[PDB]
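Heads up, the chain below is alone and in the form deposited in one PDB entry; it's given as structure tokens.
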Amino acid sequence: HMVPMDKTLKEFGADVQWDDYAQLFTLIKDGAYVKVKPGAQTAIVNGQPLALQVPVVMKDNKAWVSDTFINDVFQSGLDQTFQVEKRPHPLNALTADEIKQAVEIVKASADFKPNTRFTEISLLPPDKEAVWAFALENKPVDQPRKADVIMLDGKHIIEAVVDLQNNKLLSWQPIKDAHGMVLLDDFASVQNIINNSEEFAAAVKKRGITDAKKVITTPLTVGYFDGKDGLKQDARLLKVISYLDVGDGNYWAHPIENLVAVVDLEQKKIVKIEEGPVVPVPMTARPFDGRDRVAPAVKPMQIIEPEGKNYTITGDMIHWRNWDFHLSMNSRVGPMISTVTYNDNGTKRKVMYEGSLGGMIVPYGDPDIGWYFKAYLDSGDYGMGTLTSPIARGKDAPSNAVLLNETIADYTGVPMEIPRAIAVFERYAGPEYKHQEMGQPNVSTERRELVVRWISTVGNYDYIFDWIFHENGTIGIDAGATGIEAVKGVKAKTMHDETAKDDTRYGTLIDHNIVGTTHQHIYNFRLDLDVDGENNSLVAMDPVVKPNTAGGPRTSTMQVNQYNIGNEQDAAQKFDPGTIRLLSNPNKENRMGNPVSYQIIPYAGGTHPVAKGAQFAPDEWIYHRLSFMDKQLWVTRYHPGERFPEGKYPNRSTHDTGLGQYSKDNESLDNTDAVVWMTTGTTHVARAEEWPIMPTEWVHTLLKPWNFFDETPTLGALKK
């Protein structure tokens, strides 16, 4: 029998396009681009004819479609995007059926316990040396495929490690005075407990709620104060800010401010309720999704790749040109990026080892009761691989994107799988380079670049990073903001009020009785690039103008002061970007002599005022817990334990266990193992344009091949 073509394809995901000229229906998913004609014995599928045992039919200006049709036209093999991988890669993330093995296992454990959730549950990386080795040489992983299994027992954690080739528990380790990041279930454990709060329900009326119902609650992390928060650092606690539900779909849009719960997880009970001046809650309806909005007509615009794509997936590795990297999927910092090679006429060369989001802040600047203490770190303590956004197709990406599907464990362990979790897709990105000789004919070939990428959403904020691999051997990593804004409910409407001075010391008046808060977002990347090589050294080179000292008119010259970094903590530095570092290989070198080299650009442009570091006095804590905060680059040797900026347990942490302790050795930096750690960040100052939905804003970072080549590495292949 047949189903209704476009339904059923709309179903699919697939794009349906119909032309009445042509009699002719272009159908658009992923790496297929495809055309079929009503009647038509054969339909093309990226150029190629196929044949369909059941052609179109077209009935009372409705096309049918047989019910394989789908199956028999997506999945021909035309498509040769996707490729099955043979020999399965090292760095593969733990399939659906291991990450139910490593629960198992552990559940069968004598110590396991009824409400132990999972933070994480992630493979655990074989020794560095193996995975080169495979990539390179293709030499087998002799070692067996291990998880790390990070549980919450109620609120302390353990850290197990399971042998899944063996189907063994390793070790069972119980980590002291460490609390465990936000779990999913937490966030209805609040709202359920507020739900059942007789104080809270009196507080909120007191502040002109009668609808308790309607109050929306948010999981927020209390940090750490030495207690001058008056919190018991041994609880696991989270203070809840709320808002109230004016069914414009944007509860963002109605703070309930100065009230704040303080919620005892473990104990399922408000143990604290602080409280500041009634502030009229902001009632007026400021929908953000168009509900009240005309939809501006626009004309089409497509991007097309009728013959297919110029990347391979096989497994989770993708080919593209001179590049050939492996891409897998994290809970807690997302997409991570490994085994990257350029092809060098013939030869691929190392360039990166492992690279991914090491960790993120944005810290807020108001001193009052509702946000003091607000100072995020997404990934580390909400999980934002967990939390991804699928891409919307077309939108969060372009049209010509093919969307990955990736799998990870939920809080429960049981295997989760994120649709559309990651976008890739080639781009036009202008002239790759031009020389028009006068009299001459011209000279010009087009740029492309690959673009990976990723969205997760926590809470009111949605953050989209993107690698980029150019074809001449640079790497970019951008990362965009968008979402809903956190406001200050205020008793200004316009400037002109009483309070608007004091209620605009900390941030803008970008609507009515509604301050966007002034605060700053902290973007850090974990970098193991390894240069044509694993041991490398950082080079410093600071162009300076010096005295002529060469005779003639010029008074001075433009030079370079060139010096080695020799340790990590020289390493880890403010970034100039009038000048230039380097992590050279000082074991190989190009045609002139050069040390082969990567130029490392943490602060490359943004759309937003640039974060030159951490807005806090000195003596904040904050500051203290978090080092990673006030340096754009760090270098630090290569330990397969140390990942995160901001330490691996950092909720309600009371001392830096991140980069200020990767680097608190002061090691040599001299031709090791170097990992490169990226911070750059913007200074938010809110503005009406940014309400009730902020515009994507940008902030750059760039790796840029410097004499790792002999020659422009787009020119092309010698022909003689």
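Heads up, when I say rigid core I mean the largest set of C-alphas that superpose within 1.5 Å between the two forms. Numbering follows the first chain given and starts at 1. First, how it differs from the form deposited in another entry.
- Positional change of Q661 between the two forms stays under 2 Å at the C-alpha, relative to the superposed core.
- Core-superposed comparison between the two forms: the C-alpha position of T672 differs by less than 2 Å.
- Annotation: Cα of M694 displaced by less than 2 Å between the two forms, core superposition.
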The other form holds:
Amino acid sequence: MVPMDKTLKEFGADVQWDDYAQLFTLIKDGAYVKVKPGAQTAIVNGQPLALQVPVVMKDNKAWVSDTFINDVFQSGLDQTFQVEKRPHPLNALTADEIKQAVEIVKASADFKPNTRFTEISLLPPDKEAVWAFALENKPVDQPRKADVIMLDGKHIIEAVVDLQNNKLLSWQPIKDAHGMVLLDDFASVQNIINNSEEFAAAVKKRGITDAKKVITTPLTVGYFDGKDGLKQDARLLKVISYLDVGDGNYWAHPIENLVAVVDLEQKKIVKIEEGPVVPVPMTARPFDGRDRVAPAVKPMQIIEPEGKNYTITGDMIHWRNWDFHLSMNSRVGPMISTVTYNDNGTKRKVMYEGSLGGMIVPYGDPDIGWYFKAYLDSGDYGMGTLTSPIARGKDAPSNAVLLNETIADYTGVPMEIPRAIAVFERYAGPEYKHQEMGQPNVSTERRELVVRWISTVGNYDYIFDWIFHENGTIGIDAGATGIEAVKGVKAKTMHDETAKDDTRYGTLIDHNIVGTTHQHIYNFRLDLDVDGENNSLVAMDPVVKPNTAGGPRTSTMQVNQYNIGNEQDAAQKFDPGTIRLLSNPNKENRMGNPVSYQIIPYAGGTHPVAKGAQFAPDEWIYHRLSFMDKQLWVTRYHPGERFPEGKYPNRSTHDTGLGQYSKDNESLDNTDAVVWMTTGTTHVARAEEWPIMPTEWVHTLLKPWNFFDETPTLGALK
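Other form of same protein, the form deposited in another entry, not the form deposited in one PDB entry:
For this one, just the chain is written down, with no partner chains and no other molecules.
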């Protein structure tokens, strides 16, 4: 025997007791259990279960067999998860493969002692073969390989290892490339600042008494052709600083106009920039509730007492008509692959690979602490690695299933992220309705399946929802919350003398605190294969035309349809009142229309919307990051073009991302296209967002357009 509540709760399950029915309801992920004290059986997801040892109440607390959790939860009656006997080829590197891959490169003579690992990822087999596995179950007969990107001090080396034959295939130093920021870079930064008298001296003049309460925060310095006075070949980071005052929120305590430049290889400050002295804002601004009492609230549960409609086999997810593969990358996070829609018995391709391509959070302030500030979260910091374990019931609904995911840390040791991804089905209003006058109503409810992932980088937290509608539509939403980066200012209200200058670049959200204006710009890489590899990009611009057909009408609503033939033309602004299809010239629906998916890069947002990059076309950030200033891109599929901002965007001098990918202006006619959607907000701060910002959402959509022959949700014929 072992006590129930204690055991169940260490296991992560939710325990409810109902005195009226003398019934225990146990819930974890897909398993929904009902068990009575002294009963010889139980119920798991609607199904009966014989028990070796019944539950016994001693002194009013239940006691269970030391074998209970296994017997009941791993009983096999929770069918949410199934064994994958034949591993999908896109499956992420396992802990073993991660360790194997590190052994191989550590065994080369070229591997230098304190080398770190920026990324250790599956080297993807060729697309054709993966599709073949998913559609025909044809074994992919190449060995598992891994890209091993190393950082030797400040030097980038790309290696490829063969895991089947346990041997090194190649070792390539990458010239002029800078490495992303690694975890230990954060400690140096702080450690190096701590040991500098010059810095302790600057801090003191700034009105700070205890230098050991100063918090560093490291930032990439971008590239300014030398105008920032920084060397190109040295590995650099700028340091912004705050003051810990004990409120658990150093962000609310900026030390404005103090910037330190740190050379991570000389391990010392190579430059201090000082500006007007500003009193650090002192007022405690906690956000974690320490100073609050939440109002009582009636409970709300979302229950699926017979288990889930989806089934997770290894990393393969089957839900209704959808099948797809969900894996984890240390840089961009989740990757949705081999997505198909089962049209009445036939699996048709929709998407080969979909994922966050890359993002950036650039600021609009000229001053010394801000002008270089632009966050390439995934690219520079690694958003997968910094995944934030989903908080059960809060970050995701009470009926979610939470998945664990494994990647490699910067020292090459496997790393299991708990509750890394949330999978939950949700009611989304009525799928469709007609109430014909004097007739029985017709209503069916809409279900969506959501794959939710949260990554936290410094002060923001970002949420991403990959949303699968029953009817074939796929949504992609990005949410933003967390703590704003604020500029310390003298003014305490808008009546103060400095208020005007103080707010030229942001709103005054708290006394002495201004939320500098910025943008959030997300870019999603979507290798759609619309009912096949070979597609074309078609515009339909609804327009008003003169009526030629007679009658009283002077005008009509018609459409301008034309193919978009190349990559340069495909890289365009998006007008939400126009229609953009990726069509399959080769296949047609019942009515003779090319099967297509409608692409909607802006389907709404709760913050103001970016129409492009709020940067003059001669700014360096603008020249380097093209993807910011166009909402739609379409390129020819090539296996190594995956990042809108480039593979090595840290202090890049030119554009190696979508700018480079479309530079060559290849043709997009009946060929394999990759869609890139850029959507962003322009954030003008306000008091309601301080000291912690309510989640703001942006929406994007991919709709079937004559992909089907009718309403996809009516069902099969009798």
